[PDB]
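Given the coordinates of chain A, assemble chains B and C onto it according to the supplied hints.
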Amino acid sequence: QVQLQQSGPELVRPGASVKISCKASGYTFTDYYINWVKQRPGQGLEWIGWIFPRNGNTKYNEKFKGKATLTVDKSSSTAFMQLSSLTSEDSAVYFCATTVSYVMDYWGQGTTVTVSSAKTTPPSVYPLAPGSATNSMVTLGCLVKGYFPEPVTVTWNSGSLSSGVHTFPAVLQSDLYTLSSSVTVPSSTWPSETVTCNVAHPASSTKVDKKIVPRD
Amino acid sequence: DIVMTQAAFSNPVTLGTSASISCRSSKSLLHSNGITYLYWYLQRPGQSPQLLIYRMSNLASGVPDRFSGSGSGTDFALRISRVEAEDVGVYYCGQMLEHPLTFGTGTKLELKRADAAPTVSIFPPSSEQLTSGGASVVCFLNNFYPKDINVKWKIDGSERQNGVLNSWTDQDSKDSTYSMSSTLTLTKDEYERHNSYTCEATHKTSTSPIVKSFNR
Amino acid sequence: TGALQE
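Chains as they are written, first to last, in my numbering: chain A, 1 to 216; chain B, 1001 to 1216; chain C, 2001 to 2006.
The set of hints was computed from the structure by calculation and includes no laboratory data.
Careful, some of the hints might be misleading.
Unchecked claim - As a list, the in silico DSS-like pairs of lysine-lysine whose alpha-carbon atoms are at most 25 Å apart:
1. A/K59 to B/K1027
2. B/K1212 to B/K1188
3. A/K210 to B/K1027
4. B/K1027 to A/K63
As the list claims (entries may be wrong) - Interface residues of chain A toward chain C, partial, derived using beta-carbon atoms under 7 Å:
5. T99
6. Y102
7. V103
8. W190
From the three backbone atoms N, C-alpha and C, an ideal C-beta is built for every residue, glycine too.
With the rest of the complex left out, here is chain A:
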């Protein structure tokens, strides 16, 4: 019954500012502190500050000086956190955690703010086929190169060949992401049968089917 619905995924340009919402339901909104935490892929959970809905009192972590500004809309049982003057150092997930009985015993969805100046670019999907083909098992793969922003959904044979696949985390090289996916199948089944990776990238509305074919 107690739920906190945070705003959705955000992509913003350096310089700009973002407002994340956190709508509450299930308890009297006005009487409980709402904490904001920041989680960056390479750090721990960093506490931004809290706000008391009733009288809008507010305390921040010096480190989030004039970066974060917490506000509240009593009439929507909604809390907002606004980050201004955005920098790539602000790319992170931003949770809102209320303390109902014990400190941050109810957490928000964990929105994902991404700050980049990059333009939506379509992924270049190249097939990764075995060099000189010995063994009994064969590993093929796909390279989803230079795309932005995240994410991209990879599947093999429309998903049926989901057996022993491995889709690796994307890496950022010159403002563009690049991930690779490998799929392992029996030799008797390739080139015997076809193996195809399905790369989808919503942002750019592209969808590519790569037929894994033998080299030349």
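Chains B and C in isolation, oriented as in the chain A frame:
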């Protein structure tokens, strides 16, 4: 600022076994009221944090009984009676004694696996990318254990550090295994100026680096 | 602080 130090990963735990995660605070977390304000939060892959233990030793309604928490002054520990798969995630300890609230880097609970060697495969730049005027050589090291692994790229018997990009999967949910993807991106021209490309993996399972390579 | 929020 009070500092909280956690390890990156817990000692490998065989399912059904017992496990404990440590955490030290740069200062006593005891309060005039006799409550030690140390808290425990678990973040299961693909989820929001969840409060597990509050005030050092108390369980939060809903948490399983096999989760206990103790500590001496500035030293704490979260103990899991019999670890269930569902218990995998990253554990963060948090000091709620004074502002700013601060957490530890979090500890990833690793599972014990029987040593597994790296299944290495190397792949030549695709025919299509070679048209984009670029050529990247991808090399997969999948299903290995323990996690610590090292990979060096060689071009005609001479290592090359530049142009290499790495990605690492998290411990699998069925293998308790680890995998890695390396990518050496060169110019179509630089690529064609040499003939032998080798991908070497140095892992604990073997004495000799595992060697996969290809030429022209 | 938990001594304030709880």
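Verification of the hints:
no. : hint               : result
1   : A/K59 to B/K1027   : 22 Å, holds
2   : B/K1212 to B/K1188 : 21 Å, holds
3   : A/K210 to B/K1027  : 57 Å, violated
4   : B/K1027 to A/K63   : 20 Å, holds
5   : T99                : 4 Å, holds
6   : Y102               : 6 Å, holds
7   : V103               : 4 Å, holds
8   : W190               : 58 Å, violated
Hint compliance for this structure: hints 3 and 8 are broken, all remaining hints hold.
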